[PDB]
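J.: Keeping the supplied structure of chain A fixed, place chains B, C, D, E, F and G upon it in accordance with the hints.
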Amino acid sequence: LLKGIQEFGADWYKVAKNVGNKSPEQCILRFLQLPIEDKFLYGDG
Amino acid sequence: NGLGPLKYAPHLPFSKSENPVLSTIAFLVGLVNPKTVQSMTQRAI
Amino acid sequence: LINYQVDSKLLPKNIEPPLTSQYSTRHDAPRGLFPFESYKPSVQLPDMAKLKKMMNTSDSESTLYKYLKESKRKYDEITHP
Amino acid sequence: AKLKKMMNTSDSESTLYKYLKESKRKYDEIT
Amino acid sequence: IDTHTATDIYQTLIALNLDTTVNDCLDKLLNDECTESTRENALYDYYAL
Amino acid sequence: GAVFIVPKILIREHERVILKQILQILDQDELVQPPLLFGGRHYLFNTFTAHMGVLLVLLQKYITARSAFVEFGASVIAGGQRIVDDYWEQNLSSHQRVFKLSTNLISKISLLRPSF
Amino acid sequence: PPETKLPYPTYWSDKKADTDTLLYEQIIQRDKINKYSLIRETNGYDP
Numbered sequence: 535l536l537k538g539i540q541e542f543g544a545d546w547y548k549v550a551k552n553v554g555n556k557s558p559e560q561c562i563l564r565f566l567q568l569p570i571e572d573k574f575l576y577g578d579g
Numbered sequence: 587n588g589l590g591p592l593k594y595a596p597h598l599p600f601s602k603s604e605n606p607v608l609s610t611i612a613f614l615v616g617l618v619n620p621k622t623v624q625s626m627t628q629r630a631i
Numbered sequence: 390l391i392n393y394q395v396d397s398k399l400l401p402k403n404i405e406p407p408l409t410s411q412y413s414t415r416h417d418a419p420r421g422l423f424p425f426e427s428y429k430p431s432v433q434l435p436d437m438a439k440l441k442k443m444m445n446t447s448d449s450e451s452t453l454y455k456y457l458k459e460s461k462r463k464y465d466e467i468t469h470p
Numbered sequence: 438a439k440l441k442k443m444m445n446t447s448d449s450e451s452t453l454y455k456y457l458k459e460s461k462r463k464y465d466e467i468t
Numbered sequence: 488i489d490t491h492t493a494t495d496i497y498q499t500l501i502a503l504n505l506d507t508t509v510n511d512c513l514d515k516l517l518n519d520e521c522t523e524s525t526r527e528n529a530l531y532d533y534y535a536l
Numbered sequence: 025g026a027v028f029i030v031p032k033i034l035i036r037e038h039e040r041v042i043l044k045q046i047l048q049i050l051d052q053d054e055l056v057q058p059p060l106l107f108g109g110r111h112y113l114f115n116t117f120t121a122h123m124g125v126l127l128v129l130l131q184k185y186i187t188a189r190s191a192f193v194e195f196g197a198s199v200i201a202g203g204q205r206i207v208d209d210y211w212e218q219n220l221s222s223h224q225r226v227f228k229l230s231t232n233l234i235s236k237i238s239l240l241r242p243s244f
Numbered sequence: 316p317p318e319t320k321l322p323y324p325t326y327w328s329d330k331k332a333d334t335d336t337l338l339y340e341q342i343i344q345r346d347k348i349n350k351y352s353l354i355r356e357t358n359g360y361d362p
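Quick mapping for you: the protein sequence lines, in order, are chains A, B, C, D, E, F and G.
Per the UniProt record's numbering, the very first residue in the first sequence carries number 535; after that it's consecutive.
Per the UniProt record's numbering, the very first residue in the second sequence carries number 587; after that it's consecutive.
Per the UniProt record's numbering, the very first residue in the third sequence carries number 390; after that it's consecutive.
Per the UniProt record's numbering, the very first residue in the fourth sequence carries number 438; after that it's consecutive.
Per the UniProt record's numbering, the very first residue in the fifth sequence carries number 488; after that it's consecutive.
What the sixth sequence shows, in the UniProt record's numbering, is residues 25 to 60, 106 to 117, 120 to 131, 184 to 212, 218 to 244, in sequence order.
Per the UniProt record's numbering, the very first residue in the seventh sequence carries number 316; after that it's consecutive.
Same shape as in the complex, but just chain A:
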C-alpha cells in the first residue's frame, strides 16, 4: 500500500492492483485510518 501510493499518487486502481487481493475502497479506508501524525500531536486524546 505505502509503496504503491508513493509510486502512483492518487490512482486508486493502480494502487489496488499493486496491492492485489484488495479493492480500491479498502485501500482508501486503510489509508485514511493510518495514524501518522498522532505521536506528534499534544496528547493521547
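Heads up, some of the hints might be wrong.
To be verified - Within a straight-line C-alpha distance of at most 27 Å, the following computed DSS-like cross-link-like pairs (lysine-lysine) qualify: (1) A:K573 - C:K429; (2) A:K573 - D:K442; (3) C:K442 - D:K442; (4) B:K593 - G:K347; (5) D:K458 - D:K441; (6) D:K442 - F:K44; (7) D:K455 - D:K442; (8) F:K32 - F:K184; (9) A:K537 - A:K573; (10) C:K458 - C:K441; (11) D:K439 - C:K458; (12) F:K44 - F:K32; (13) D:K461 - B:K602; (14) D:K458 - G:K347; (15) F:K228 - F:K32; (16) F:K32 - C:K461.
Unchecked claim - Over the 12 Å line for every Cβ pair with chain C, so calculated as not near, a few chain B residues: (17) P606; (18) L614; (19) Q628.
Unchecked claim - Reference listing, derived: stretches of chain C covered by chain F, where coverage requires no fewer than 3 residues with Cβ under 8 Å from a Cβ of chain F: (20) 415 to 429; (21) 446 to 453.
No lab work stands behind these hints: they were computed from the structure.
Virtual Cβ for every residue (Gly too), placed ideally from N, Cα, C.
T.: Below, chains B, C, D, E, F and G without anything else, positioned relative to chain A:
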C-alpha cells in the same frame, strides 16, 4: 507533562520574569475576606 | 437498473464561465469546508528561543554537535600561542 | 531548512546565538 | 497569558518535530552498519511521513 | 604541523543534506542536470591540503585551503549550495546539483522515489 | 536634578525594599507589559 497547555505559554528568557498564574491567584484571593479563606481551605495560615 | 439508456441523447456543448471547470482551484482561495487550517510560523527571537529549547533531538545532532565543539575549541586554543 | 538555519547556536552569525549572547550580557551586567 | 502566540508555538513545534524525525529516518537509511529490520522500518516510516 | 581529520559522521551528514536537497527538486531541469569559516562551513577533506585530497573530493604537494575555497567555492565545503556558501557573489541561481553523485546515492534515490 | 533614565527596573527596591517602592515597581512593569501586548494584540509582528 502534568500541565497541558502551560508548556506553550511564551516568556522572555534570561531576564524580567512575569508571573501570570501567581498574579492571578493573588488577585482573585485578595478580594475574599481572609477569615472565610482560612475557613475555606487548610492550606492558608 | 434496466431500460435506463434506451433512447439516449447527446449533450450539445457547454460554455464555461470562470470557476466552472476542472483544475479551477487556488491556494489563495478560502477554505470554507476542508477543516484543516494553516498557521503563521512564529519567528520571533523569544519564541525562537523557546522553540529551540523544546525541539526534540537526534543522536547524530548530539554527536556532531560535541565534535564540532571539540574541534573548534582545539583550533581556537592552538591559534593563540 | 531556513528555520533550522536561524536556530543554529553553533554558528555565531546566527540570529538566535547573537540574541542569547546579548541577553545574557545585559542580564548579568545589570545584575 | 497570550493564547495566540501559544498556538503558533504549538503548531511550529509540530512541524519542526516532523522534520527532525524525517531527517533521522534518512540517517538510519544512509549508514550500512544498521540491521535489516531497522532499515526497513526507516524506509517505510519515510514513506508514511 | 597538526593534522585535522574529518570523521565519518560529518561526511554522512553531508551526503544526507545532499540527498534531501536533490530529492527536493528532482524534476526541474536547468537546476538539475540529467547526467548524474565564520559560518557553519567545514572543508570536507583532511587538513594540514594534499592535492590528491582535493582532487578526490572534487571527483568523489599541498595547497592552501583558502585558495581551494576561492577557485571552487561551494564544491569543497561540506554542505554546499549555489550563490551562498561560495565565494563569488550572473545566470547562476541557488538550488543546483553542484556535487557529483555516487553510485550509492543514485540507488538510494531510486529507493526513495520509485517514480524515477 | 537632570534626568538619569532609571537603570534596570528593580534598581530602587534593591536598596531598602519598602512597600511604596515595591508597589511602584509592580506598577511600571505591568504598564510596560500592557502597552507592548496591546500593540501586538491589534497589528501583530513585522512579518
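J.: So which of the earlier hints does this model not fit?
T.: 20
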